[PDB]
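Next up: a single chain in C-alpha cells, the form deposited without the DNA.
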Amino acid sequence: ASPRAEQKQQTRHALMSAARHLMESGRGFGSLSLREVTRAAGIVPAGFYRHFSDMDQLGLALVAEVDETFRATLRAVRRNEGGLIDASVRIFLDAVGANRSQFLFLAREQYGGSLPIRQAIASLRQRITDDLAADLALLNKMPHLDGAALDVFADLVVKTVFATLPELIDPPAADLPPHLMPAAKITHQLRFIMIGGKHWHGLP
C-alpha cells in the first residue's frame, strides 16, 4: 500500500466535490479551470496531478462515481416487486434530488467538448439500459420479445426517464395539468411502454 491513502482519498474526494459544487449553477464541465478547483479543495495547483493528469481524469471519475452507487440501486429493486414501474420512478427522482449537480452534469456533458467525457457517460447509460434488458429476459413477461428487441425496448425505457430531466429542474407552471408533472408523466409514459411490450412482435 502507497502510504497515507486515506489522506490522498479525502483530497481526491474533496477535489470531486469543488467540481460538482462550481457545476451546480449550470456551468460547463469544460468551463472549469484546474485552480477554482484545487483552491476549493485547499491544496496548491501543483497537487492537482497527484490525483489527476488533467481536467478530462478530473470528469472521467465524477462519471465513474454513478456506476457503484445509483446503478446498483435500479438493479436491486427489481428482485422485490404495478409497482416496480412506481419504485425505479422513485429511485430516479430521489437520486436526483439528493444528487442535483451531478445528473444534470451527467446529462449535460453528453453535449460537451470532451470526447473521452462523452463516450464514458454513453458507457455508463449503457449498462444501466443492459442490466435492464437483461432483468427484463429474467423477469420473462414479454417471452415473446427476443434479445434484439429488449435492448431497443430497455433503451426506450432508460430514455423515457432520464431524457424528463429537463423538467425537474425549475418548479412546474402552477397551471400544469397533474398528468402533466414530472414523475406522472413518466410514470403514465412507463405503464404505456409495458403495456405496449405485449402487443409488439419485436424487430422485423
Given for the second form:
2 protein chains.
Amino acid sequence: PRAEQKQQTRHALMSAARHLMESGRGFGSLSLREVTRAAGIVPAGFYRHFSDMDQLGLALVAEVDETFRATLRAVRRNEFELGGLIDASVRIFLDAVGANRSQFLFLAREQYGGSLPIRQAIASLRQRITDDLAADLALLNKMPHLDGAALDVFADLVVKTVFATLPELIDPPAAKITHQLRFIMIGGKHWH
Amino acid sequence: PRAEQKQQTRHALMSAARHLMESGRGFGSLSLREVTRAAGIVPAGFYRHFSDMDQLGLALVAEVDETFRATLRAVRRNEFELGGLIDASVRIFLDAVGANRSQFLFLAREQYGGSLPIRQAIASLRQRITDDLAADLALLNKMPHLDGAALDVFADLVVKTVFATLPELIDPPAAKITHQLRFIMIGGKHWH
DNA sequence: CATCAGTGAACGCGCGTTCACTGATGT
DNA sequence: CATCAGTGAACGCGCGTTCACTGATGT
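Complement to the form deposited without the DNA: the form deposited with the DNA bound:
Below is the whole assembly, all chains and molecules, this chain first.
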C-alpha cells in the first residue's frame, strides 16, 4: 500500500536518531522533539510510530542486530575454506561496518550506556553472537584442546574484543585487529 | 583550614553523580539540579565547585585515573615475582574494583558514551595505561618474540580486554577473566 | 569588619504529552 | 464517506543560570 510511506517515516526517525549520535552524544540524551525535528515530523507525529523514545531505541537494536548477523553469516560462509580465515573475515567485517557506520555507531555507543530494556536487548544479541561463535568453533573441531566450557570462554573473549574494537572502527585498524585476533587464536591453539 | 568543608562538599557532588549512575543512567543525562539535590546543596551552589557538569565529569575521570593507577602499581609490584602472576594480579585488580565500585562504574559507563572532553580524558588515561603495560612487558623481557611494535599491539589487546570486562565486574568472573587473560598471554608467548 | 560557601527567589526555555484537526489514500 | 499519518496550538514542569542575600569562619 502507501503505508510504505508510514514505513519511510519510521526509517527517518530511526536514521535520524542514529545520525544525531555521530557527534559523540548518546541515545538517552536525545529528545523526542529533536529527533522529530531532524526527521521532518511535528513532535506529536512520533506517536504514530513509537510510544516513546525507549521503543525507538529498541527498534535500533533490532536493526543493527539484523545487520550484524548478516555480516557474521558472510564471515561464517568463509570459514569452511582453508587458510587466511582471519584476514578474509576481518575484511568482510570491516566492509560491513563501513557500509553501516551509524548502526554500529549506535551499538558501540549503547553497548553499555543506554536505558534498561536497551542494555538487555544488547546483552541478548551479544550472547546469541557468542553462542553462535562457540557453535561454529565446535562444529569444525578448529580448537580440539578446548571442551564446551572452554569454547564458551574463548568465544566470549573474541566477541568482547570485537565489540570493544567497534569504537575504533567508526570515529577514525585492519592490520591491528587482525594482529590482535591472531594472539587470541594462537592462544586457543596452544591451550594447555 | 575549614575550606576542608568546601572539599567535603566537592566530594559530595562527585560521589553523588557517580552514585546516581548506579541505576544504568549515564553522566550526560544527569542534571545539575538532581546532582545538587542528591549532594545537599541548592542548585546555584554547584558553581562554587565547578563551572558546569562537564567539569565535574572531568574531575570524575581524574579521580578514577588516580585509583586505577594505584591498582596497577600494586599489580606492577607483584610482576617481579615468579609464577602465578596472572591469578595474583586478577585478585589485586578485582579487590580494587570491589573497593571502588562507583568509580569504575563511571569509567566503564563513560569509556565511550560521554561528552567530548570526557571521551578525550578517558582515551588519554587509557593510552597511558597501555604505554605503561608495553613498558612493563619490555622491561622484563617477558615476551621476547615481540618487538616494540608488537608489544604495543599486545598491550592494547590486554587493556581493551580489561576495560571491556569492567561492566561485568560491577553489575553482578575471577576465574573467567583469568582464563581469558591466559589465552592472550599464551598467544604472546607462542607468537610466530 | 572581610571572606566566601551556601541560600532562596526569579527568569526564560525546551521538554513530553494531549487534543481536535486536516486532507490525501484507498474504500 | 472512512482511515489515519501528520498538523499546530496548548499545557505544566524541570532545567541552567543570574542575583542579592546571609551568616559562620578566620582575620
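C-alpha atoms forming the largest set that superposes within 1.5 Å between two forms make up the rigid core. Positions refer to the first chain, counted from 1.
After superposition on the rigid core, displacement of the C-alpha of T129 between these two forms stays below 2 Å. A displacement of less than 2 angstroms separates the C-alpha positions of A64 between these two forms, with the rigid core held in common. If you fit the rigid core between these two forms, you'll see the Cα of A98 move by 2 angstroms or more.
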